[PDB]
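Q: One letter stands for each residue in the lines below.
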Amino acid sequence: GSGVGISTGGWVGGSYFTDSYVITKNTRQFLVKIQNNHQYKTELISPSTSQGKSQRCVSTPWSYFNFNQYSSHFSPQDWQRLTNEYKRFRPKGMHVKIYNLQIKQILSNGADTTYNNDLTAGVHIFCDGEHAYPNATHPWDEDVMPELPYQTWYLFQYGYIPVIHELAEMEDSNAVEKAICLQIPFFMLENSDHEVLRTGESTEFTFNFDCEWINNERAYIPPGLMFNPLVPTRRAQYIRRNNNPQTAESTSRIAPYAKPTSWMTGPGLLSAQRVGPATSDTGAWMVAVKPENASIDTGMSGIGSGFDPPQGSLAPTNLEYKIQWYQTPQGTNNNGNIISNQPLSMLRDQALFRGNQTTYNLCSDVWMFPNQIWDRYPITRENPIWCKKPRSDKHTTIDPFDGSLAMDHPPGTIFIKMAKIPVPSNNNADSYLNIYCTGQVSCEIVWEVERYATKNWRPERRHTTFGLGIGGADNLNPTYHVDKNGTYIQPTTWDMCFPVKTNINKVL
Amino acid sequence: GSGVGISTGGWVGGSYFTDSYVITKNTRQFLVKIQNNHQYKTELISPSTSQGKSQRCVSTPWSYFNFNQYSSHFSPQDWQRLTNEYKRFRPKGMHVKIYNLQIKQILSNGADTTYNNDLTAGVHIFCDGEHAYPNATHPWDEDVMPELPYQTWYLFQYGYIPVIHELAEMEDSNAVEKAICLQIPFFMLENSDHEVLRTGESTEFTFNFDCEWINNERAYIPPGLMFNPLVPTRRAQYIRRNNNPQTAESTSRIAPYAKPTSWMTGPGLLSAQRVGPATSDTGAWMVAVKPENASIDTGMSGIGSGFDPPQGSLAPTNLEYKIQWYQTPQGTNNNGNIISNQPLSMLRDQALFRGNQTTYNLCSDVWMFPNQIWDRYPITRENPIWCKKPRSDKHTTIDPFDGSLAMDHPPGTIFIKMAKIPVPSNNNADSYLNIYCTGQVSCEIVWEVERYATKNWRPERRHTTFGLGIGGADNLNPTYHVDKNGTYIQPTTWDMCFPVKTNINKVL
Amino acid sequence: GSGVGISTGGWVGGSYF
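Chains as they are written, first to last, in the entry's author numbering: chain U, 34 to 541; chain 5, 34 to 541; chain V, 34 to 50.
Please note that the accuracy of each hint is not assured.
Computed far set for chain U versus chain 5, every beta-carbon distance over 12 Å [stated by the list, open to error]:
| id | residue |
| --- | --- |
| 1 | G34 |
| 2 | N142 |
| 3 | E223 |
| 4 | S285 |
| 5 | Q375 |
Only pairs whose alpha carbons sit at most 20 Å apart, straight line, appear in this in silico SDA-like list of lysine to any residue [said to hold, decoys possible]:
| id | chain 1 | residue 1 | chain 2 | residue 2 |
| --- | --- | --- | --- | --- |
| 6 | U | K517 | 5 | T525 |
| 7 | U | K58 | 5 | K211 |
| 8 | U | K453 | U | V264 |
| 9 | U | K517 | 5 | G502 |
| 10 | 5 | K211 | U | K453 |
FYI, nobody ran anything at the bench for these hints, they're computed from the structure.
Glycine included, every Cβ here is placed at the ideal spot set by N, Cα and C.
Model the full assembly from the supplied sequences, consistent with the hints where possible.
A: Put into structure tokens, the structure is as follows:
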């Protein structure tokens, strides 16, 4: 059948797990709220603390689906079934279905509320196959899908930064900031066509990934530690005159153990320190722009973006480089707040010393160098799956230090809006009918997956629940589980979330 | 046709009765209430009386259909048509249909209520073919289908015990109860996919049974009483010196009557007595666990489950072993309260004596023994049809003492939920739209049935209404019948409900 | 070949899964 009163599609989920691939299926309940009236504005965000960056941005009536995270697509068991049982995996494809839509027509008699349901109403649904438009999705952000099904999924408003607020602020003069103010592009999702849906209708979307593997594997030794220490080496060490304390120059054969190596450590930036008060964008490395004239307020600050984490690789000094996240919107300064940790993988730590003719002294920087090896960030269940690689003429190796992934075309963000229904007036307008939509997204994605075999004699390592710990309310219930009170207990610190790359082994 | 305004299926019922099989058909009106918001929690049930067991359990938004009982599928005449006319029967198959759904959208203006009906709403319906998930159905419980049609059927919330509350309580220390607390599984019905239904849609489910016959038959003599008492026997009795009072040892031939037998009595446990106050789970036999360390509060109690009835077989001493049930939720301590009784079948009673060299003394226990014969509990119209045999490596004969049946895969429990419809807010959430579902289940099950023939000359026995008695309001109306006032009069004590195994006969 | 000086079979192991 078809029409109102006939559901379009059913609920879906439960994953799969075949040796060659893993099919994860998920379904949600969402609602679209009519953000920002239906008009756009700009909003010039800022806190005040007027010294802040005060990015101008743009607001839109649209809301969007963010599917990017692992904890959305994998249950704590599905994750840890692949983290234990497979070398590597990458998402092969993605299939999304909007269906079972509802338009409920908010009413207010004062106080209270009433919902009359509705028919003869519509919902705009738009997808990016070209990745035109500023593509809201940023790897970390918030939201994505609730890691836990049955939990309704509130969409978030779509917005974008047209241009840096400073540089076009603009200060008196200028014509250097007059341009870059004149050139700010203005994007609208109306433009390119898109589907409207009443209740009985649904929509599907597919995606394919040109995508790099993410490897769950562990190097038990540094790459420079690979050699037979029993066998002597043919090589020699000349050592300069020490010039205090003592021990004039001599040449000698390199010991059989501790043979020299190629294979430099991976790059990192360790020298900087985060600058100034919070909410001011303290990154310790600001990329900025600095056009030749322009004009600039206090800052630095205040222009450009903080680079985080430096690192990458190159084991950090203190917590300041160690990433962090709250895994919860209610998270206060210290609460939630699980902090990244070392995988104990040997790749992946990578100091560098140089110096002194007397002592070794850990060195800041370590830029790119020909023989370098590093290991991509071990990630974890809480991480974003992908990140969009911005289109540009030239680029280097492209390894994001957030883990995640880089793709020319990631999954196109699916945008959805409430289809303004106006109402007559004398003035006339601006007035509209207050409605919201509700429905079910099913994100079914296929994962290219590869299973591990090794010649190691020893048991290696897995992810037990014993890394997990008890929490919530009265302490009862362990970790991934409901409260009484039921509130899903969040995993506390890093090992709870079970990172890949801490298990198996690989001969380098 | 199709869609709203076209009923999906019609009412069904009236049974069948062919010699080879009996088809019982039933239809109901049910409603799903949105239990437990849509969140799960845990609920740590307990009374207080904090000394109680205080099982933690888990609550779910789901409700389920329990079809397990005889009085649901058989009218008092349909039952007693098979109990009189057939040796044995077992359910062959089962066919269930949800249809004629309605979502009525509860409203409250304060006091009162209003129901706007609704469209563009949905209902989740999920079935277990694999019997993954904890499967709420327990043989006795409550509810099932109302034995009487036209009586609306209120569903009950689905919940399960993740782990024994004690042992993980946990007391200080521990790491023995830390494990078993960490390992508590958490099941969710979202997971595996399931169908959502608007009004116009329906759903069917089928089931097949690998199932043991339940026998309606009567042994007119004990199995050890089978012999020709006229014919002399070749056998002898040596009797030890009596050592007080008198009568020194002698050997003699066994009398022609009262020949010795094989065929030991069925097993039972008669020694124990129920322990302590009610609501504390007094079973007289507690299975428990007792891990080697753990920790334990007062109890025993308090851990594990009471084994009921011991018995089995092995005619009990007092009422304490005799089972009982109230056949009514309104039943107080003594009200309703029909108590099981002896079938007068001879199988099926089974004392055991041993002792003393002087006197025989009824013996407690009687575990399993090679030659034992017992007769499965005679059941009655009020009993559960089946019980799930839990998956385990090893097990013994598997005869449940509740009567009923054991199956690897019983009928998969059908789960149903109200499909949370959220509503927008600032906070935002947690908020949802208040609705309920209403519809018709038709459970049509086929019974493999076998008809009796015998060489007995005499009339045997049947189930008359004369076993029944008058009751309700002013005494008028007999037993299975409406009051004035109309309330279905319940059968009082055991013979009213007409048990199988009290009729026909069988030569052993 | 066959006879002394020709090994009959080789070493084996390593499981499968």
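Q: Confirm or reject each hint.
A: We went through each hint and held it up to the structure:
1. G34 (chain U), annotated as away from the interface, has a beta carbon of chain 5 within 12 Å; the closest lies near 4 Å.
2. A beta-carbon of chain 5 is positioned within 12 Å of the beta-carbon of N142 (chain U); the least distance is around 9 Å.
3. Every CB of chain 5 is more than 12 Å from the CB of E223 (chain U) (nearest about 23 Å), matching its label as outside the interface.
4. At roughly 54 Å, the least C-beta separation between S285 (chain U) and chain 5 is larger than 12 Å, which holds for a residue marked as non-interface.
5. Separation of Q375 (chain U) from chain 5 is adequate, the least Cβ-Cβ distance of about 24 Å exceeding the 12 Å criterion.
6. Straight-line distance between C-alpha atoms of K517 (chain U) and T525 (chain 5) comes to about 41 Å, which puts the hinted pair past the 20 Å bound.
7. In summary, the hint linking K58 (chain U) to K211 (chain 5) is not supported, as the alpha carbons are separated by about 32 Å, beyond the 20 Å threshold.
8. For the given pair, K453 (chain U) sits about 78 Å from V264 (chain U) by alpha-carbon distance, which is inconsistent with the 20 Å threshold.
9. For the given pair, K517 (chain U) sits about 49 Å from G502 (chain 5) by alpha-carbon distance, which is inconsistent with the 20 Å threshold.
10. Between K211 (chain 5) and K453 (chain U), the direct Cα distance comes to roughly 55 Å. Violation of the 20 Å bound is thereby established for this hinted pair.
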